[PDB]
Amino acid sequence: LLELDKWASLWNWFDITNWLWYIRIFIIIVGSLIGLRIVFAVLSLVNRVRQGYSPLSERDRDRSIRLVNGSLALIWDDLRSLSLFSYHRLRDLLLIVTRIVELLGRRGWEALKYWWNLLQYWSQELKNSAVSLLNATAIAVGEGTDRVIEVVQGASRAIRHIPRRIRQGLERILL
Amino acid sequence: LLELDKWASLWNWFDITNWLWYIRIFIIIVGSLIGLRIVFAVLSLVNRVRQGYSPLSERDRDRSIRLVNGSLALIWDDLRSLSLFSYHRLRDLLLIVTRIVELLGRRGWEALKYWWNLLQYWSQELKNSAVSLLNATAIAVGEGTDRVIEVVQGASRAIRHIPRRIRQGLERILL
Amino acid sequence: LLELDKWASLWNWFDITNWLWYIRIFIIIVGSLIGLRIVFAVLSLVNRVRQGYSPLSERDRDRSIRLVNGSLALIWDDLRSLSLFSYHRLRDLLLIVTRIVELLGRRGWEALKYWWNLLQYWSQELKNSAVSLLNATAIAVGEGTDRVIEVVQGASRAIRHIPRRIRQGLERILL
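Chains as they are written, first to last, in the UniProt record's numbering: chain A, 665 to 721, 744 to 861; chain B, 665 to 721, 744 to 861; chain C, 665 to 721, 744 to 861.
There's no promise every hint is true.
As the list claims (entries may be wrong) - Simulated pairs of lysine-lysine, DSS-like, Cα-Cα distance not exceeding 25 Å:
no.	chain 1	residue 1	chain 2	residue 2
1	A	670	C	670
2	C	670	B	670
3	A	813	A	799
4	A	670	B	799
5	C	799	C	813
6	B	799	B	813
Everything labelled a hint here was simulated from the structure, so no lab data went into it.
Whole structure, please, built from the sequences with the hints as guidance.
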């Protein structure tokens with residue numbers, strides 16, 4: 665079972681054996697390929713020129751070939767970004783990066799403002815559909831029971847419809 | 665063939681073994697890395713901004751940094767896309783998404799429309815190269831070949847392609 | 665140390681072993697998973713309109751569904767690049783590729799050009815940092831530390847400037 669007997673018998677599949685023993689080599693390239701894909705993001709820019717910014721629904747090839755030559759241009763877009771229109775700035779510029787992240791931690795709360803309001807309107811639509819069927823089916827009974835289904839539904843969503851400024855209050859208490 | 669003592673022999677390689685029994689676990693992590701790439705698609709947007717306009721041929747680092755601001759923005763793009771117009775749309779979105787495909791699928795056949803055209807012109811381009819060369823070598827024998835060479839080649843392409851509206855006749859005749 | 669008896673015992677653990685003996689297959693599936701990922705690059709095109717102009721910080747979602755129709759449209763962006771509207775170009779398309787690369791290949795070397803000036807100023811920022819800090823600390827002492835430090839540092843680095851434009855000599859002398 666297994667061992668030299670299983671491994672040795674495989675040497676007859678010389679072609680496949682190569683893949684079986686050299687796969688480990690291949691795994692590294694596969695992991696590398698996702699990283700290579702990061703460079704592929706530039707390719708979408710090429711796709712934009714070829715297909716147009718709007719959905720996929744001519745001249746681009748001649749210029750697109752310039753992408754090969756893009757190696758020369760490629761130092762131009764990136765070169766001015768790190769040091770900007772001034773020198774001595776290059777060492778100082780990396781520190782700027784910390785500045786936006788510190789400032790953004792304060793305004794980042796916009797996550798919660800929309801999520802509470804967003805879930806709030808969806809719930810309202812659920813109640814509206816239910817109000818239609820519930821109001822209509824309640825009449826079969828009588829005694830104005832349908833009026834009861836409307837008030838209860840309207841009471842819970844409506845009261846929760848307009849809450850307090852949790853983003854503002856929490857923004858000042860968090861920083 | 666493999667070996668038993670080789671497995672134990674690797675223990676004497678100081679720490680080479682560390683690569684084998686760690687990279688293997690590391691592979692599962694790589695699988696996670698691919699699912700990481702979907703967010704990278706937003707990076708391509710930043711790239712077109714940082715790339716000027718055309719394929720590959744400064745301040746954009748600070749603005750691209752604004753990509754971090756995408757957290758607050760993220761509820762906004764999803765919010766108008768998910769329901770879009772009015773507000774009874776969120777449940778409707780499941781209906782309209784399915785329903786649009788049927789309406790849109792009808793015009794989608796235009797794929798074939800151009801493909802019919804691809805074969806149509808290349809056929810014509812073949813005639814120009816072939817007729818020119820064959821027309822010239824044909825006369826080398828005498829006088830009378832020029833009519834058969836031009837009439838036979840031009841005749842086959844000429845009668846094989848003339849009617850238009852391929853999808854119009856094809857898509858409707860299927861009823 | 666090891667033995668086929670140790671491996672066989674693991675067969676009674678019919679659960680995890682599948683991963684252990686199918687991970688080789690798993691990376692291949694992952695490879696396919698990542699190639700599939702490339703289509704996401706078009707999503708960025710949609711992101712511009714659907715997700716806003718700049719990075720992450744309209745109605746076209748209806749158009750996002752038209753992406754299905756993108757098969758119809760997809761021949762329009764591509765068909766014009768190989769053959770172009772001029773036509774007769776299609777056989778030319780294979781030849782032109784050599785001409786544009788041959789033509790652009792001569793001036794394409796300017797990549798090296800930017801690197802020479804680019805690195806040149808970077809050396810200059812480092813030079814200013816050392817002189818300012820070292821001279822300023824040396825000023826604490828009298829005698830004449832200020833004159834020697836600023837003159838010798840600035841004299842050696844500044845005078846070391848030598849214009850050896852490779853591109854210049856490559857354009858005029860390579861003919």
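Now for the hints, and whether the structure bears them out:
1. With a CA separation close to 15 Å, the supplied pair residue 670 of chain A and residue 670 of chain C stays within the 25 Å bound.
2. Annotation: proposed proximity of residue 670 of chain C to residue 670 of chain B holds, straight-line Cα distance about 16 Å (limit 25 Å).
3. Using a Cα cut-off of 25 Å, the hinted pair residue 813 of chain A and residue 799 of chain A holds, with the two alpha carbons roughly 22 Å apart.
4. As the CA atoms of residue 670 of chain A and residue 799 of chain B are separated by approximately 56 Å, the hinted pair breaks the 25 Å bound.
5. Between the alpha carbons of residue 799 of chain C and residue 813 of chain C the distance comes to roughly 22 Å, so the proposed pair stays at or under 25 Å and holds.
6. Proposed proximity of residue 799 of chain B and residue 813 of chain B is supported: the alpha carbons are some 22 Å apart, at most 25 Å.
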